[PDB]
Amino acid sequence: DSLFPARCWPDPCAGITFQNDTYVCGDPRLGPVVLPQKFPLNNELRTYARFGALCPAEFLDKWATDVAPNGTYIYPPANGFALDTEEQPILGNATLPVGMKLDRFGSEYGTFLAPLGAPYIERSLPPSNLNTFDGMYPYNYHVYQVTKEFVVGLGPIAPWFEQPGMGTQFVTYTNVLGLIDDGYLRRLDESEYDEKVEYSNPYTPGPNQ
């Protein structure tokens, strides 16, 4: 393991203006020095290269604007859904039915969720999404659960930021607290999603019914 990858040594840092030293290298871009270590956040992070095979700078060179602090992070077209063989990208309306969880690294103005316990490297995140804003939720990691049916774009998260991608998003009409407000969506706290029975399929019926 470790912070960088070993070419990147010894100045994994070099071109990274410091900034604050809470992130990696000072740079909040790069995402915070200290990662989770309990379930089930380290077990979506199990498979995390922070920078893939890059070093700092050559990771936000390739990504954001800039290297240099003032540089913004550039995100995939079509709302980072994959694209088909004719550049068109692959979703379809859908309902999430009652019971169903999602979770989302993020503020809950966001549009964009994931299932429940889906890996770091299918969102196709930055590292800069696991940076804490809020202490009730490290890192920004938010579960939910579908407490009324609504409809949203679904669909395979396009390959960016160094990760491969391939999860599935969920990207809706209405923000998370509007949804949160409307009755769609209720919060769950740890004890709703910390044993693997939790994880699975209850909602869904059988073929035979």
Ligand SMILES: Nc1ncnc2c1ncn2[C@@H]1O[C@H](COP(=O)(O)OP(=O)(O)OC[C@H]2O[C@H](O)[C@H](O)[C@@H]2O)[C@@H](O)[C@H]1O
Second form
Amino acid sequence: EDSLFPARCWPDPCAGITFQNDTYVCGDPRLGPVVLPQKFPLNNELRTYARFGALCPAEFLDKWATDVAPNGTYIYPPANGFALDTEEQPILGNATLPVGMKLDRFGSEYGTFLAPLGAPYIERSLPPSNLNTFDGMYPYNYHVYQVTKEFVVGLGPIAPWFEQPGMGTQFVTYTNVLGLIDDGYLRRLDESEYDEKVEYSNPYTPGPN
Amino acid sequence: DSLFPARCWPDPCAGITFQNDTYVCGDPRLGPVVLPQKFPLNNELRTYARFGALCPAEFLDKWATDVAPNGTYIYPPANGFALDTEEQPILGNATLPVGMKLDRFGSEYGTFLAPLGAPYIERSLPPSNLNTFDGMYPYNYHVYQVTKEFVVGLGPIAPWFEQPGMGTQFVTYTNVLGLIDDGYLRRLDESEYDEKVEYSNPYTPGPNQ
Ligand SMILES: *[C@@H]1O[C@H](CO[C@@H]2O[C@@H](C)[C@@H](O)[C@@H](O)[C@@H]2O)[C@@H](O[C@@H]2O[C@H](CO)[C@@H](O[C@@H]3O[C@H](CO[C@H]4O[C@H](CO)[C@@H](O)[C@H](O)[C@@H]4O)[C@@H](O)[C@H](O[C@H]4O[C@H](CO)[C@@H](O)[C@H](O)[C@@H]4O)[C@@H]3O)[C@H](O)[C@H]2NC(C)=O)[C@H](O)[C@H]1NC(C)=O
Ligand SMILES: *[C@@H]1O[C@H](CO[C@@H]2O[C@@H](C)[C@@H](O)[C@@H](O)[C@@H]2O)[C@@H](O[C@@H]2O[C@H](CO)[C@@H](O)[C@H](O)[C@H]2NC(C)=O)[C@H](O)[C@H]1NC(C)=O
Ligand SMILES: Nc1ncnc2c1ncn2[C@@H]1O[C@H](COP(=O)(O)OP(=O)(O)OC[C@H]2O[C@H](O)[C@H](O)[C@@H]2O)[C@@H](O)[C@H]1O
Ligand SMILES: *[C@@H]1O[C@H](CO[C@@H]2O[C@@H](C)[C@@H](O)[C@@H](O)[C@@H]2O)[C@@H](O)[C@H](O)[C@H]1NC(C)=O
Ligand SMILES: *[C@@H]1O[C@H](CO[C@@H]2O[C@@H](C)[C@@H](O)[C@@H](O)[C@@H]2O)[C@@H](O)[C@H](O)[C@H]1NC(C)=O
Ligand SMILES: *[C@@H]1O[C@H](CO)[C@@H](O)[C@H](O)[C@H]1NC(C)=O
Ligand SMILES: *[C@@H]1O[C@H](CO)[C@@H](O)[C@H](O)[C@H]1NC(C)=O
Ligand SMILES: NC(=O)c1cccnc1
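Now that the form solved without the named molecule has been shown, please provide the structure of the form solved in complex with the named molecule.
Entire complex below, previous chain first.
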């Protein structure tokens, strides 16, 4: 029953979408790549991902971007995408990430938003275009890091957006990822460092005793 | 087996008194030998190494009051919410909207839920929350949908039990059974959470334009 487009969108699911480049769904980079990961661990993070929810491409862009036409840009949630409390204030706190913690991210290293290693794509409230590849060394723009020196981030729940439920945890950094790497706070992990279950467990948090 | 770190052989169950062969080392605190083979539970447990890199007795020594059968798991402070730099829990009161899907490992007399599909390692649960108590709910696993909006404590999950945590937890003010009896939640059949589209979000509105 799973498919690129909801069944309602056929026979012409790309109607209203201006074709630009055939790498992307309907030719539109905002709709993300046609090709998705078929191997662990990335396929595990995408197993619950219905890219448009129950919407069709033009409906999705009409809802979440300023225009269905190519000049339209995605609109992002207020308060940095933190889930809002009953007083419409973001839920978050400053928190120290411990040495050893593993983080990952879909996007360039000029960004400031990470998630705990292995968070489902739908928990991140990201649009489909964060899966576009810009560097062949990092398919799907997917990066994994490990904390090598303690540092403080804004930490809190992710608000739903982009037709997904959110409710992962996001870490919002004060320095971009590249600067954290170059300053010795993060190191990059290669696939052999995150392709076994034990690499997802936690050896750094001490026990109560 | 692969239940155990290779370093734990021979006698990976050293120090563990055998009780019942449903469970690892015969110990219900260590969870079931047989893990789920179907979506979504297999997706939720694909990154779960139940002992981390510890051997069974080491795991219980770290996280329970006793390796002997009478030892009980020790739980994190502040109801398991991640702590900020001032050592206060990060959380807020939040309204769960009609349509949101939630899940839970545990009986309906409890009060802790997660967004549908959260990886087991994001929940900072001990292995015994996977034990089956009712044949109608293999692995203790329950799925719900909000039918009337209500307020919960909402916040990030601290690491515990050798896992990274950092999902979002919802701590309810009434137990789950009362929420069902009062019309706030309904129970979902497996048919209602075995398709990718059923994990997407149709209830959150798009930005005002
Ligand atoms: C989230 O919302 C919570 C309330 O939400 C509602 O209620 C829940 C149960 C659901 O139904 C939900 O759907 C509703 O929306 C909110 O809970 C509130 O938390 C505060 C702070 O913890 C509580 O205040 C404390 O109250 C106790 C009890 O006071 C009564 O008895 C004492 C007897 O000593 C009398 O003196 C009072 O007049 C009351 O009759 C107080 O003992 C306590 O005082 C102590 O702490 C304060 C701190 O300010 C000091 O000033 C004092 O000197 C004491 O040291 C607090 O005043 C409040 O009762 C509680 N409300 C309810 C309805 O339970 C929670 O704080 C929200 N959380 C967040 C993160 O926003
Ligand atoms: C979280 O902390 C920031 C301040 O963090 C410091 O500055 C950052 C740039 C980063 O380097 C951190 O590691 C530092 O510890 C708070 O922002 C400050 O808030 C105070 C209070 O009003 C204000 O006077 C300062 O000007 C702010 N400083 C900056 C740089 O913005 C922020 O409010 C904290 N958030 C929470 C939720 O506690
Ligand atoms: N190598 C690249 N070359 C050119 N453009 C790129 C490249 N990589 C990404 N883009 C484009 O850069 C943009 C994404 O930047 P990014 O750093 O990757 O990922 P984000 O999710 O953190 O940034 C989105 C933020 O923007 C909102 O306001 C919120 O603050 C969001 O957090 C896309 O248009 C890409 O086409
Ligand atoms: C964005 O562009 C709109 C026109 O786009 C053009 O016309 C439509 C019918 C498609 O054929 C599309 O491929 C073309 O590029 C404008 O009407 C609209 O005002 C523009 N938005 C802004 C903010 O300038
Ligand atoms: C907890 O249990 C400890 C060991 O109990 C012994 O081993 C188990 C397997 C049973 O056979 C039991 O009958 C044995 O006595 C005790 O040493 C300890 O006192 C108990 N209580 C506490 C609080 O630790
Ligand atoms: C545009 O399409 C061409 C194929 O004609 C492809 O080689 C190129 O990489 C595409 N551009 C992007 C940014 O993907
Ligand atoms: C082990 O536990 C299961 C479930 O509680 C039960 O069905 C089974 O009978 C138990 N085995 C023994 C030998 O008690
Ligand atoms: N780019 C990401 O992977 C991301 C975005 C928002 C929150 N957490 C992680």
